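**Student:** Spelled out from the first residue to the last, the chains are:
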Amino acid sequence: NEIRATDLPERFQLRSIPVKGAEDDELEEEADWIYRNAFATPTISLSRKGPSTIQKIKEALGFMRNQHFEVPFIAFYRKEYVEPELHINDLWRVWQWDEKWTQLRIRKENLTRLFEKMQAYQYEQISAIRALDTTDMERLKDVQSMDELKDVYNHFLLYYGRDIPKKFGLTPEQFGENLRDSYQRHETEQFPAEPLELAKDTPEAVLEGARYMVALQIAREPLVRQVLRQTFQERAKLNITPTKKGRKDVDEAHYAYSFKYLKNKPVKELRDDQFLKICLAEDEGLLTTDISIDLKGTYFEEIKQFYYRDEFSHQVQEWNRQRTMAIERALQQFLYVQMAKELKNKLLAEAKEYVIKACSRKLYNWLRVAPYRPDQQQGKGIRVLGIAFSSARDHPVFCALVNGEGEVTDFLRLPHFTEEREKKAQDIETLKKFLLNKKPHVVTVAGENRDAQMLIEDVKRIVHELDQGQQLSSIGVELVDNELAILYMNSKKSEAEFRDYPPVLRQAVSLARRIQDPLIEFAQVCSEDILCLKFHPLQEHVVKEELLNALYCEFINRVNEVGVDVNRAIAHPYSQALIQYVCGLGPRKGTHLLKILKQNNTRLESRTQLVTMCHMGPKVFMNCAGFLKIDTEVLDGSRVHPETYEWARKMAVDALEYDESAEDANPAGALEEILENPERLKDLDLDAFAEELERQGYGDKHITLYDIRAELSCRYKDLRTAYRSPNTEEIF
Amino acid sequence: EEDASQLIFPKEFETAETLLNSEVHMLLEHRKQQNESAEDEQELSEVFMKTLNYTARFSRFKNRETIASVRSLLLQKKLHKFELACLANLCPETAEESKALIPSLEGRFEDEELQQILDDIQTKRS
Amino acid sequence: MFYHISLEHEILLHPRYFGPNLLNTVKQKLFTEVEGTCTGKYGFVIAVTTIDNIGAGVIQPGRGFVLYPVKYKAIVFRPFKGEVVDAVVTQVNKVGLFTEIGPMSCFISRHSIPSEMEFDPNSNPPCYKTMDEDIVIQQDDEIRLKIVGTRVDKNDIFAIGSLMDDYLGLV
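Chain order of the listed sequences is M, D and G. What the first sequence shows, in PDB author numbering, is residues 287 to 332, 349 to 430, 440 to 477, 538 to 572, 580 to 675, 684 to 763, 775 to 815, 824 to 932, 935 to 1039, 1051 to 1150, in sequence order. Okay, so the second sequence: first residue is 14 according to PDB author numbering, each after it adds one. Okay, so the third sequence: first residue is 1 according to PDB author numbering, each after it adds one.
Derived by calculation from the structure, the hints in this document are not laboratory data. Even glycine gets a Cβ: it sits at the ideal position worked out from N, Cα and C. The reader is advised that the hints may include incorrect statements.
EDC-like cross-link-like pairs, simulated, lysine to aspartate or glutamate; straight-line CA separation at most 16 Å [claimed, not checked]: (1) D/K63 / G/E100; (2) M/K477 / G/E142; (3) G/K81 / D/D16; (4) G/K73 / D/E25; (5) G/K81 / D/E14; (6) D/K63 / G/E142; (7) G/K81 / D/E15; (8) M/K623 / D/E15; (9) D/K112 / G/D166.
One-sided and incomplete, this derived list gives chain G residues near chain M with beta-carbon spacing under 7 Å [as the list claims (entries may be wrong)]: (10) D132; (11) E133; (12) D134.
Just chain M, with the same shape it has in the complex:
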């Protein structure tokens, strides 16, 4: 009841988990965090500029944290606050920036409270080199440098003792400002004492007592964490060279095996290249992997002169030897381990980002609804005849004749094939007997090998030269690949829609559902059903949550831009369950709407069916006004919300030159005449609508005018692609 009967929507309440909403003071900070974190290694959102991208992130974050809007609503309904159609990733990038800003703010607040408590305890113990409470503000102020602040705060938390009751060389600040400045401005302890004088004032008599304290102070300081950071992770020529067993263990299948003598691949070959990062991450796991910068030999030479004494007369020579020994002790622990950990984290993040980008691109390119319709659009839709054969070798080949409404009409078998070694008439006689008693509209044949293509071509010739497409017409078999019809046939929808049919009938039903409705096949499955399709080989080494979020955001954007039928999810089993990837209505809102519409006989009469009947709330019914479409008001089966109905009706009445008489349903000359074709586009100018919306409506009608004009003229516009018939390489 909190997600179905909550005030905020489902998708915005799920996306703002760490950052529960956006306040006024945090909107600029979250937008700056999103604009600064969203483009570091790759040129992402550089389209919008830095100022335009930061204002788009701030406007989208404020709209989502004050109005209950979501990533789909902030891109379509919030096009002025966001990048106007610069990409599909702008909403996801803005939501990620807002979530990261919220998490960083919470972590910085907790860490500043901890640093303040520790500084107060240390100051109360110090007044009743010592502990100061001034690093807590420096750690709580650095919310953007999470890696630099997590390192200095732990090395500072251990450097003060970490006690919970309730003079050796240069200082840390001078050494940090000299090592990070490229010139060591401060030397070591310029005193007449030597390492024997410092080792007799601990209780060990060893000259290595001060080097451990110097390494612990150097490794646990933020100046070294900033000075070492971004110097090697921004550029590191990874020397890829195979090992003793790895040159034979990989065999050129991983990143270390593919190039045995090819080195000098920088951080762009790992981060921007997903296959090289995936091979360097996978080959290193079993046998070995080559990942090394080779740029420190000169990165470590220039820091050795800073913090050391320039003279050597047992005063400056002892201080310079102590500075060099402490720098060597602190570099191998803090700088060596920190540089290795940063290089490894950057390589893993770059490989995961390349795999996630490949998976998101494949899901966006394959998720477009491209069905083959009658004439490329008697009866609605087309009679999809899903031909999913088994072998083409005298076994039963299924051929399921589904209709265009998302349902199978009939099915037949074909146990005669070209079994018999010489039977040329058997397969054609079976095709004529099956095609003569059934009225198809399209041919969806699969393929498995050369014999499957030969059987499909022979059946297509016997159907085109005999008029077996419609019994008085040659119908061409579109011949799509057997990719989604094979996986949707063994699913829960294919098993619940037909339980007596064999795998051939299930495959034919999957092909006939996927050859005419990929959006109902994508929305009618779990997402578990979308992750069974591989999108890239480097996605397996990436984290699966990133690819799952990219696929879910792409499916939600495609469902919000393609339209959701309100009547198609009530009676037809193939068209139901489409209210899961809509803007503002996720799984819980859509499932409660389906239960209330099936249990009460509530039909989709208009866009205010969930606002009038008490099935939806105000925030989800406002954020879902651009995704819910019905079969019948006249602007209810479109992207027009309840607030845009008056402006759309005024634009439709002004473009036709009709009279104004409270035109909401009666004016058929301006609504039914304007929705059928372009009546008058020169009557409704964008400046007049933006001037009328700035004074009556409280919002600029510049970017919304084109969508309001298109929704009144073409209802239920699908954002899916056209029908792609596979041939040549896609057919193979």
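Please arrange chains D and G on chain M, whose structure you already have, making use of the hints.
**Tutor:** The following block gives chains D and G in isolation, referenced to the frame of chain M:
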């Protein structure tokens, strides 16, 4: 029934000799040295690898003489052999810590003597 | 905790292995037999360190195998209830903390964990910081524990750790 909290152990292991972290570290490393030389051999098991890389994290010291030193300084007292390793690996910084972790030390020795044994172990720590 | 003991075992040697390689072959067989295995009696025998003797091989009547009893020193690991050991945190989850101890691992529920060590599932690294974020205990943090109960699962051991005792954390 058996419980190290009260020094009660199976007789087959009460008669057995406990080993220190650095001790078994040196023994395992010696084996590994023999088990990677002498060509025409079988690699060590993963058990040997994980035991090595475990004890490597908890080596207070390394040379046999350090092991012999902490063993000799402990056996001169009247501690039980079970106390020999738990007290030689952890190196509790204060007698109060040792007596809180090990219940058998509570009342077993004067706090200053147990603290001296601890401090000696600390001085043996590399 | 690690141990070593004089174990004994007996191998049946097939007649093909007689002749000059014999006692060497018996050694190789023993190293093949009893290394890297755990026992319900002695716990986890890590390896043979040395062979105390090879006994006189009795020829089995009616079958050609010869039975050699062998006595041998082996390093062995047998945890007991009550022992307070160094361990490394391997996995931090809200269900409980998982940690490795030599060949074995332990698991420590939030029930065993002091109330102040709240879950950190929302940070990238799973941790149990305290509310002020001063004592940061995360994975791979060399954390002490006390074995409060032993269990053998088919020639393997799986104890259970706890964090109820004070000074069970960073050294």
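**Student:** Sort out whether G/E100 lies within 16 Å of D/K63, counting only the CA atoms.
**Tutor:** holds, 10 Å
**Student:** Quick check on the hint: G/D132 CB to chain M CB, less than 7 Å?
**Tutor:** holds, 4 Å
**Student:** For the pair supplied as a hint, M/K477 and G/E142, confirm whether the alpha-carbon distance does not exceed 16 Å.
**Tutor:** Judged against 16 Å, a Cα distance of about 24 Å means the pair is violated.
**Student:** Verify the proposed pairing of M/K623 with D/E15, using a straight-line Cα cut of 16 Å.
**Tutor:** violated, 48 Å
**Student:** Measure nothing beyond the straight line between the CA atoms of G/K81 and D/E14; if it is 16 Å or shorter, mark the hint as holding.
**Tutor:** holds, 9 Å
**Student:** Would the pair G/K81 and D/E15 pass a check requiring their Cα atoms to be no farther apart than 16 Å?
**Tutor:** The hint holds at about 7 Å.
**Student:** Starting from D/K112, check that the Cα of G/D166 is at most 16 Å away, please.
**Tutor:** holds, 11 Å
**Student:** Would the pair G/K81 and D/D16 pass a check requiring their Cα atoms to be no farther apart than 16 Å?
**Tutor:** holds, 5 Å
**Student:** So, G/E133 near chain M? Judge it on the closest CB pair being under 7 Å.
**Tutor:** holds, 4 Å
**Student:** Next pair to validate is D/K63 with G/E142; report whether the Cα-Cα distance is within 16 Å.
**Tutor:** This hinted pair holds, its Cα atoms lying about 15 Å apart.
**Student:** Can the hint on G/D134 be confirmed by a CB-to-CB distance to chain M that is less than 7 Å?
**Tutor:** Hint on G/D134: holds, closest Cβ of chain M at ~5 Å, below 7 Å.
**Student:** For the pair supplied as a hint, G/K73 and D/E25, confirm whether the alpha-carbon distance does not exceed 16 Å.
**Tutor:** OK: G/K73 and D/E25 at ~14 Å, within 16 Å.
Going through the hint list in order, the structure does not satisfy hints 2, 8.
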